[PDB]
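A protein chain is absent from this complex, but the other protein chains hold their places.
In order of appearance the chains are A, B and C, and numbering begins at 1 in each one.
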Amino acid sequence: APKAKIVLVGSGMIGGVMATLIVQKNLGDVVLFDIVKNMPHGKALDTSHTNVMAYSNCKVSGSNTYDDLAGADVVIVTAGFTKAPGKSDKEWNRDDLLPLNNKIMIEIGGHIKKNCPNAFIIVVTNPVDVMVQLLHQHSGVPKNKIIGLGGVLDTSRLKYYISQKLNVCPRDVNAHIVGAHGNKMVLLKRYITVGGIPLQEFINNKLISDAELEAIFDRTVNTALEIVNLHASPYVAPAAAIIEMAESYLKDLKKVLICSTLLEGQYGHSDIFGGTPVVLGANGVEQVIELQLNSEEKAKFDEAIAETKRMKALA
Amino acid sequence: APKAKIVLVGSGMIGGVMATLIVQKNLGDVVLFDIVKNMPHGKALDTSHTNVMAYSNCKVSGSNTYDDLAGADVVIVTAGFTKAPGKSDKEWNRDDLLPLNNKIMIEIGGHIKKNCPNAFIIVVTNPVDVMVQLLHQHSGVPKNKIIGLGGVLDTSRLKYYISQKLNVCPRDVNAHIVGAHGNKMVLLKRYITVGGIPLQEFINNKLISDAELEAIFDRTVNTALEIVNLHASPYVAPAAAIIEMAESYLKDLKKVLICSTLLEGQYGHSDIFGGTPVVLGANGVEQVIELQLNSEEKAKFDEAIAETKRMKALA
Amino acid sequence: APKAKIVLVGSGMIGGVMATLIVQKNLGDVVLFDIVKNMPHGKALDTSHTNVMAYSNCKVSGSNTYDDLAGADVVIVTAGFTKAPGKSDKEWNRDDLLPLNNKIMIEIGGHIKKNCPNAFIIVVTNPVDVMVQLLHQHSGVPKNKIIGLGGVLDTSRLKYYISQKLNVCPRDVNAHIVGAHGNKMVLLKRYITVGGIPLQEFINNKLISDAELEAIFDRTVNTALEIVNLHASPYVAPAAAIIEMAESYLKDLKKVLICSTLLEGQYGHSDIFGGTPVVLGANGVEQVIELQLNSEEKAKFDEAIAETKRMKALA
Partner (left out) sequence: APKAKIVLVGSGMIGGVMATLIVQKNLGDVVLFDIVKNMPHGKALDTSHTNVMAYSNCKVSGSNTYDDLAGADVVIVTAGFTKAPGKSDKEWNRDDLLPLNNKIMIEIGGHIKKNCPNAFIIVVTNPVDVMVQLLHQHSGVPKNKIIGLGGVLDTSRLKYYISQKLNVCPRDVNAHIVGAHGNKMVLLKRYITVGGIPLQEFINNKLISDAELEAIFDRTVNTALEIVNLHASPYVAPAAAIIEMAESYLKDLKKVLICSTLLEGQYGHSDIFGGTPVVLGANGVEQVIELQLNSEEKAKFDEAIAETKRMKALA
């Protein structure tokens, strides 16, 4: 009333799962946009039939035309490369995507600025904390209207792994991973809870040990790499994380979700994007929540931001 | 496969909303049992038509026959009185329901023992922490197969009121209320989080004050009384809370939910039921979680348990 | 984005279930408006806590102030009486509500016209086919922006009863009941299908007989009366039916649903509202579907419309 229009700029692995999930949730009409010919139209057609099974009413169309951005309510950018040519799976590193994806963000930004300057933008393309700011600069959208995917996805892993050990509902585990979405992501041990209870209580009771948690932290940081070596650059959980973010905006849920956002003094940082809990509602980023990090946590935060800053200089 | 059978022992205000919600969620076949003639059959018929609108397939039948408990997978007991004769709305107090409801629990217990000794039992009838133990004693069911409603409902209020001030998704507020479901319920300030973050951070930032929280605590404790004076003994939120509990069992969700359960040393208490976080899954109460309360919190816990113990002696 | 505002004009039995269902489905903010003091505020408070259990974010407020209609996206009118003074349950007849409810519709219409002339209106108050036109005349809203509840509720019953005999998913039974919501409702045997198959195939196969169907027709027509005599004027299924209608509008589902709507030549009738399949989407009544009734079916349709016309003359 009228349905939201959601344009998926990039119709690859993540784009595909996102279109499926949007139809499942009847969230809005979908455009699968890509530079590749024919492919988005085929995925769109396939996906469109699921309206019947899903009891939904969302158009799904493929596109190779940038002007289809006009009318967009939400734009999700996954366009770009997943690996650098010449690198082995073992050497996969998000940083190496920088020179491959930077020009793509600039190009998409110009099209967003012209066609849908009032759209809410979610950036996924890596290295995401660099790409999101690049897209902000070139699209001209307000700071409350653009975020990057990171924390929802990283914490989904941490939360899940802990829930498996403790035999509780995965959603009942809460956790914060901040700073940047990459190898220096900051896993905040102090901010983990289980059913709202400090994880330390479960550690005291020998239900999960400090050593076990350390292994889970390492597993979390290395999850993307693990999946890349077993199969491919992850796409199912990324897609679900993105749609959770988009849905909070579309339905004014006001969920607290960790995303990459413009910092203006939080954690002592300005002029850069970094991962922190934000509240997402109808007005976009409605609140930026600054964790009251201790000195040691801040030092880790600084190390994460330093990586983003280093690559921004290279971009 | 085969559908669960859920018997609602008591088909009054809460029974009615529970049957509606069960059909909405397609959770299982429903029996609305009551001592009142005709009424449960009418509510059952009305509710049964919603299968069409809900895309569900749950039978809803009315009953005046205790043997319909046979085959029950889940039994929810709301049977009893909501107010004591002669009391004004202003003087409403759960304790006064004790002499009115005790015999009803004993009678229902015998029927459960005979007909569905393997059913999972949820007790709602007040005073609930007393009634749940009474029903445990008379039904003979295992300690992991019977709980009382309290904490999910009490915290729903605390969580909601805080979410309204902070402008966040209500589910993103987590909170613990323990001990007993009554005027001595223990509201644990230290165990409140918002998006997994300690509420104290929001207090430090002047987003919500200590005084505001105190008023919200008082409002929470007095919510039932407030609604009784405006309208009636609450039933919509109680129903939703109960169904959240029942659903966790039925679908093996392993949610952490605060319920009245048999204590065997937790908090220094045994031989009595009290409200504490538990994990509910296919095996019933799969874990009893003992909060590592400080000395002052424990003193409040003791005061709550003392009320249950006092009335148990009167029952 | 921004959330829809749904004003429930009338906060009685149907109003209450509607508020519960709106929160379950996170459809929009809710105002429970009534002339009765205190009651709507109590129901609103009770219902509001279910946001936690439902993972929703809908405000629920009570009101005694007509100006709260301002900003309404959807207005659902249930205000009025359910029985006439002096009538026994056995003599319950919707027609007798005419003199009791007519003035209420006129009053509400004026408030709608002043405060929310662009709102989509659903009329429930009986006799509904008369009341809906009355409200149309006094609210001044466009013909595509006001409908009356009838067919979704009447067919829910017919569909359900058949599904019980045939042991199929209730939603897989489709059926049409047209003309008016009252004792002359037209049950169109020819337009019944099961899994899209003509019911006649199942009759040919002796899975359900003509006599059985006749009994189901009588049961359907008399369902309200049956429930009134067992318990109360039905409210759970009415509520669900209404919310299915409101949801189709809000989410632009374009569902085909039988509702009371302004006829402009369909079935040979103009200047009156009658029950017929319509398509409900973001533009309100997007299509009025005229069944190609045979001569005998039309005669039944005419008899139904004649009752509406008779009472319109009495109103």
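Structure notes:
Criterion: a contact is a pair of C-beta atoms (placed from the backbone, for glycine too) under 8 Å apart; a residue touches a chain by one contact, two chains touch by 3 or more.
Only one residue in the set A:75, A:98, A:130 or A:152 touches the chain that does not appear here, and it is A:152. Of the listed residues C:35, C:100, C:106 or C:168, the one in contact with the hidden chain in the full complex is C:168.
When the omitted chain is restored, the residue from C:88, C:118 or C:204 that touches it is C:204.
From the options A:39, A:306 or A:315, the residue with contact to the unseen chain in the full assembly is A:39. Residue positions on chain A in contact with the hidden chain: 16-17, 19-21, 24, 38-39, 41-43, 45-57, 152-153, 155-157, 159-160, 163, 169-171, 173, 223, 226-227, 229-232, 234-237, 240-241, 243-244, in rising order.
Seen across the whole complex, the unshown chain contacts chain B at 1-4, 26, 57, 73, 249-254, 282.
Of the residues in chain C, those that touch the hidden partner chain are 55, 167-169, 172, 174-176, 191-197, 201, 204, 248, 253-256, 277, 279, 281, 286-287, 289, 291-292.
As a convention for this text, only the chains that are shown with their structure count from here on.
We define each chain's centre as the mean of its Cα atoms; on that basis chain A and chain B are separated by 38 Å.
Each chain gets one centre point, the mean of its Cα atoms, and the points for chain A and chain C are 43 Å apart.
Note: centroid distance chain B to chain C, computed from Cα atoms, is 33 Å. Residue positions of chain A touching 2 or more other chains, listed in rising order: 253-254.
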